[PDB]
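Visitor: Next come the chains, spelled out residue by residue.
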Amino acid sequence: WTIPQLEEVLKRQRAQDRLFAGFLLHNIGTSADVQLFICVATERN
Amino acid sequence: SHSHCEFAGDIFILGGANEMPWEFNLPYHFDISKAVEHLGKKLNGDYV
Numbered sequence: 002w003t004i005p006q007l008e009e010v011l012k013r014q015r016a017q018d019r020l021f022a023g024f025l026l027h028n029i030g031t032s033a034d035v036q037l038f039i040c041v042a043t044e045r046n
Numbered sequence: 002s003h004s005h006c007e008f009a010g011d012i013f014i015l016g017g018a019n020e021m022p023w024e025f026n027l028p029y030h031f032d033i034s035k036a037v038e039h040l041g042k043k044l045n046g047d048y049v
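Top to bottom, those sequences are chains A and B.
Heads up, the first sequence is in my numbering, so the first residue is 2 and it goes up one at a time.
Heads up, the second sequence is in my numbering, so the first residue is 2 and it goes up one at a time.
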């Protein structure tokens, strides 16, 4: 994908709706991973 | 997935501010058998 044919793809991606999650992270001293879990009702697991 | 649990009962014990502190030197029995089967298990089942 060279320059003049991906902008429409980006426009399509923006045009379709999306969900998102936000973070405000900072330094912790040691590089590490982060894991996301999606707890849903039924108790709760 | 799920976590299925049921309420069993309530137990009340007296306690005084100036009481001579004590220990139950023998265990106390309380019936629990009301909901172990309601949780869909046999009396010799597994639970917490």
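Please keep in mind that the hints were generated in silico from the structure rather than gathered at the bench.
We treat Cβ as the ideally placed atom computed from N, Cα and C, and that holds for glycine.
Please note that a few of the clues may not be correct.
[What the hints assert, rightly or not] With a straight-line Cα cutoff of 25 angstroms, these simulated SDA-like cross-link-like pairs (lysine to any residue) come out: (1) B:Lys35 with A:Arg45; (2) B:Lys42 with A:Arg45; (3) B:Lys43 with A:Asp34; (4) B:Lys35 with A:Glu44; (5) B:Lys42 with A:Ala42; (6) B:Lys42 with B:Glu7; (7) B:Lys42 with A:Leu20; (8) B:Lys42 with A:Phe24.
[As the list claims (entries may be wrong)] The following label-pair restraints were derived from C-beta to C-beta distances: (9) B:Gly16 with A:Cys40: 31 to 39 angstroms; (10) B:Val49 with A:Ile29: 56 to 64 angstroms; (11) B:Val37 with A:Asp18: 46 to 54 angstroms; (12) B:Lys35 with A:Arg13: 41 to 49 angstroms; (13) A:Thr43 with B:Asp47: 15 to 23 angstroms; (14) B:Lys35 with A:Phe21: 54 to 62 angstroms; (15) A:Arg13 with B:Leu40: 32 to 40 angstroms.
[Stated by the list, open to error] Below, a sample of chain B positions facing chain A; criterion: calculated Cβ distance under 8 angstroms: (16) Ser2; (17) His3; (18) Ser4; (19) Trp23.
Visitor: A separate judgement is required for each hint: does it hold in the structure or not?
Guide: Now for the hints, and whether the structure bears them out:
1. B:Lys35 with A:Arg45: 24 angstroms, holds
2. B:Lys42 with A:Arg45: Status holds; Cα separation ~21 angstroms.
3. B:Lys43 with A:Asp34: Not satisfied, since the Cα-Cα distance of roughly 43 angstroms exceeds 25 angstroms.
4. B:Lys35 with A:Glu44: Within the cut-off at roughly 20 angstroms; holds.
5. B:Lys42 with A:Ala42: The given pair, whose Cα atoms are some 23 angstroms apart, holds under the 25 angstroms limit.
6. B:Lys42 with B:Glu7: 12 angstroms, holds
7. B:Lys42 with A:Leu20: 41 angstroms, violated
8. B:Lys42 with A:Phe24: 44 angstroms, violated
9. B:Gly16 with A:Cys40: 31 to 39 angstroms: The hint (31 to 39 angstroms, Cβ to Cβ) holds, given that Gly16 of chain B and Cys40 of chain A are roughly 38 angstroms apart.
10. B:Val49 with A:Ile29: 56 to 64 angstroms: 35 angstroms Cβ-Cβ, so the 56 to 64 angstroms window is violated.
11. B:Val37 with A:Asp18: 46 to 54 angstroms: 48 angstroms, holds
12. B:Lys35 with A:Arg13: 41 to 49 angstroms: This hint is violated: roughly 60 angstroms between Cβ atoms.
13. A:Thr43 with B:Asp47: 15 to 23 angstroms: 20 angstroms, holds
14. B:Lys35 with A:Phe21: 54 to 62 angstroms: 47 angstroms Cβ-Cβ, so the 54 to 62 angstroms window is violated.
15. A:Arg13 with B:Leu40: 32 to 40 angstroms: Distance hint for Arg13 of chain A, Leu40 of chain B is violated at roughly 51 angstroms.
16. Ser2: 5 angstroms, holds
17. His3: 5 angstroms, holds
18. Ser4: Check passed: Cβ of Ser4 of chain B comes within 4 angstroms of chain A, closer than 8 angstroms.
19. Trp23: With Cβ-Cβ at 37 angstroms, over 8 angstroms, it is violated.
Checked against the numbered hints given earlier, this structure breaks hints 3, 7, 8, 10, 12, 14, 15, 19; the rest are met.
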